[PDB]
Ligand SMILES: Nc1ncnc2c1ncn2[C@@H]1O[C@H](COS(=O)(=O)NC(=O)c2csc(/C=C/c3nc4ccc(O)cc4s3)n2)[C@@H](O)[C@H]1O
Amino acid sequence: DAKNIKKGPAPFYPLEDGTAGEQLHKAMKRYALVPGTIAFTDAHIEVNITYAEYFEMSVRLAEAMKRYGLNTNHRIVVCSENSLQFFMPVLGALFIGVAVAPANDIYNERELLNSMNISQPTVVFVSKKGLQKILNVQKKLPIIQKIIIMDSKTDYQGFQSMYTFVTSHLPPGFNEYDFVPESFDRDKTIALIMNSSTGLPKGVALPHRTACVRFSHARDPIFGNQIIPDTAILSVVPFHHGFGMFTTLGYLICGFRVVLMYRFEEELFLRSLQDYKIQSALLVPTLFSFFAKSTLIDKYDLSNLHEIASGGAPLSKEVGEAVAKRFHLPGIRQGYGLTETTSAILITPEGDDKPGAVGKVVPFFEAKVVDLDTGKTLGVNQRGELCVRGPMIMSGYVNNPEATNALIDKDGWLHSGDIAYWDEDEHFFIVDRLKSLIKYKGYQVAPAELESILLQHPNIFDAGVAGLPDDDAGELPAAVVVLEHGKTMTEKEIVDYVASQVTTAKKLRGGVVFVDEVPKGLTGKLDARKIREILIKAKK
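As in the form deposited without this ligand, what structure would this chain adopt when taken alone?
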């Protein structure tokens, strides 16, 4: 077919040679040479840290870790809330080819253990508030030999800070500017090990190459940001996640000022947009919903604001438009991306906005929609499973080749598990499963509504509502239910409960199938297709 495969255009900035650490080192060094160039600004404490300070500390950490004994056979974990220190160990490791595994700072000790059990780090960089948890985790992971405090100058509770640690290992006469970052295979050397649906979170190994490709996107006038002097971004998204991770590294390449927030607050956010003359703001999905409700925006001079982005998270046409209207902008930038694709592979092009579209295939990439049955490449405006192929796809899940293979096929295509379609202009649309609708004899009911009702019951922990196909009525509303531990409930009780809450048209006639876990998709949304499958297989 050929024409049925959407390809991203030629990048504005060619993919450059070198490892991610080399490209980062090169970029930051030139910025460091210009005194006063701001790298990060903490909106809460108002402190600015320049590229010179950042470059020098990162280079010192790279050398110190090298001297300590870390190389490509090692991994480090960075567990911290967004801060001015966050990227210091990240850059240092990338400079020497040590894999960085960002651990979610609000992970309870159990999720924390799982993540690090996968990453197996030799050294752990942590913020003061994450120390206790990390120590408890260390007891269970013998590979963790050294803990280093990020947000401290002097030692802290018997542990070295990044500063004292550096001093303990740098050779005499060390020159930050004479330092040369390690050179290595950008394809086999892992840069980041990020945490990902159903089951326990996995480790996504991302080779230096994916970051290198990302750096091209970052400065693309159409798919990223034009490198203009005095560009400031307000990032409230977590650094340990792909959205925050890969947007920031790109910003560092572009020499932008990254204003950060680790705790959301309405007034502080808007005042920051104003005072720091922010051009782009990055928000997590639920914060878009929040701003659609905000009535304080008009009180601030946001003349410089041009972009509000969602990264790899798709947004409903309603929420996007609501937010854009509130901020008096023609639209918002969204895109589709997975941890497994490094960052967004479908992005809203500058000047090429289209209502309801998630965006277009990014340079270096190609995407298609395939038949859920035949697996054959579908055509224009035809809905099927989104598959993508490009140099930013992960190398695989750490120590889980089975899961890798179930996601990435022989031809390099990653099966997203999400349904979408592209139009005559190559704009993609992600089918919102929340808008799916079940039709009982013409009457329509949103699965989300019934789920809201089920989740409302003291005995129900989780629920997934999907339409059990029925020839005599179109569809019968049914649900897979995960009971709260220790509680007992019958299908009848559940059905009767639903009935006492909805119109005779929205009754759970399809019935209930008790499952231990409701099937989720990589997006982090319920998987209607699997729920349907379970319901069918169970009902004779």
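Residue numbers count along the first chain shown, from 1. Superpose the two forms; the largest set of C-alphas matching within 1.5 Å is the rigid core. What changes on going to the form solved in complex with this ligand:
- Hinge residue for the rigid-body motion between the two forms, chosen from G375, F291, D432, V319: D432.
- Two rigid parts account for the change between the two forms, and C-alpha superpositions put the rotation of the smaller relative to the larger at 89 degrees.
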Second form
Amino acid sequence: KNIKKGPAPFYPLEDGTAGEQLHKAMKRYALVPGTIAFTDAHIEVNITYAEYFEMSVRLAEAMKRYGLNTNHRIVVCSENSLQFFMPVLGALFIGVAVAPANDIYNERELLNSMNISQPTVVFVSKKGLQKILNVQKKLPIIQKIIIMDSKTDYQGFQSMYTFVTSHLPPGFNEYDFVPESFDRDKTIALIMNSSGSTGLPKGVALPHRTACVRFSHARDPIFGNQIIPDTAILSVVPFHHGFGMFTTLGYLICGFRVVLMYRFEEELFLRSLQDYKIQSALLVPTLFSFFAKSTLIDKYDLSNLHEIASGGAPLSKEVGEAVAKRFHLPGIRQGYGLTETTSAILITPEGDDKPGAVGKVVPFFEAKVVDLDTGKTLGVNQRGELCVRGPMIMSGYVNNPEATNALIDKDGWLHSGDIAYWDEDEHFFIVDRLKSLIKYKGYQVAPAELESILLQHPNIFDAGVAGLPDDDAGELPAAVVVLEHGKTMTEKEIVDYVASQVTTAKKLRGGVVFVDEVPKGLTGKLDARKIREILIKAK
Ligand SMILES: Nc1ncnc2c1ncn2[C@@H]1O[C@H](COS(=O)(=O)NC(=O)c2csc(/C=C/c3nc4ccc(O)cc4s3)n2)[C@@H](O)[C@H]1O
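In place of the form deposited without this ligand, output the structure of the form solved in complex with this ligand.
Now the complete complex, all chains and molecules, led by this one.
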């Protein structure tokens, strides 16, 4: 009754594995000559579905022969590049699971993912190699390091191109390759690294069944992208995380041109949007503060830009709208999701933008809000913990059944750990993450509200709210702030402005600290530890 179910899908769940469904598709677009799969903007290099389909099939077989099967895994440890999805596609076609890694990941972070992933073959960039060499000193499961962005054998490590030849038969056809068939409910497709709530990130295991459902959404005209061939998406989302991962595997399934960047550059992004004639952009919530400013957004012709999509972190109503105006759009096609749900299970329906809302329930899903204490399902406009269930939910946490039984309850409902509510026309609204909440004098103070309000001020460029520990008060809400070039506001001006918009309960009693950039988690997300350290060193 109060259970908000998603609709029927335009494109029903197609039979076979993620690997089989991906293959079938990239053969479609490869036999069509000239079709582009990935484009590099920094170096203006294209690469066709023929070149990609082939080099992915070559790696699939090359590995198949090397001796990997459904009882093996790998690592892909690279930043956004043309090379990244070749070994991803390779692995999915034979039933080897993939564990993406963060090129920026530090030594401990990296090791923890490796120890969980237990990778047989590790794919890495020339930048990333030396961290692998360091961590492989305690990782004896690893037999092979393969350099991704190279063509000749580098420092005794093979290239993907050399690895391929030294296993592929001389007389072999890429258009004759057949992908392995298996139990997609049982066979693990991906192993995602989480934010670990507060600790060493877990092993989020995602079956082939999940990706099969993800494709059904990406082909859906309302809940994704209408399959217009030779559409060009500009992705500036880290591929290792669910957002960049599952949006791209969807785009390959539709035959779109994925334009990508290794790092953000405001100067280029718009010229990329203009020159390549981009239809959909793929920013992360934190890049929005650079565009609500003004600058060059209508000094480049963004006439083609049909929309801007966002997720993987919160976005304030007033900043999301401020950007849609500047890009000359009806809104921001937001989405919400957990890595434990593969991809976004709440997506903004096409032509159904709702400012601060993330979106309605995607097909094959059921979303509901529960009474934080009693656990009963609440009705319209009622705030509480958001619970979701459908076929994109994880199978479990790698060697961690305890945390799995604490997140996913007995009827299969995943517990988000987020305060949400659903409005009259079923748009879902995330309030705040339950652990982000600042504890004042027995009060629950949401950082998303104080952020949303601070961000409305014209002199404020960007800001992040956190809980300065006190003693008497236990925790005072305080904010790290950024201004535009040539702007000033005294702390007391900012405080008194917050105070004039909120009750005494959630005043900014911890104060303000002025920074050049807000601690960003580089997955869109705002970093709490680094803010908490900034605020704590300032008092
Ligand atoms: N839209 C949020 N609004 C508040 N918060 C959030 C939100 N999205 C993610 N958190 C925060 O992230 C927490 C979990 O972190 S997480 O494991 O890294 N999950 C993700 O962030 C995540 C993984 S995949 C994924 C999918 C992203 C998208 N995929 C698409 C595809 C199409 C499209 O139009 C939009 C999107 S958005 N998100 C959530 O519990 C919540 O606090």
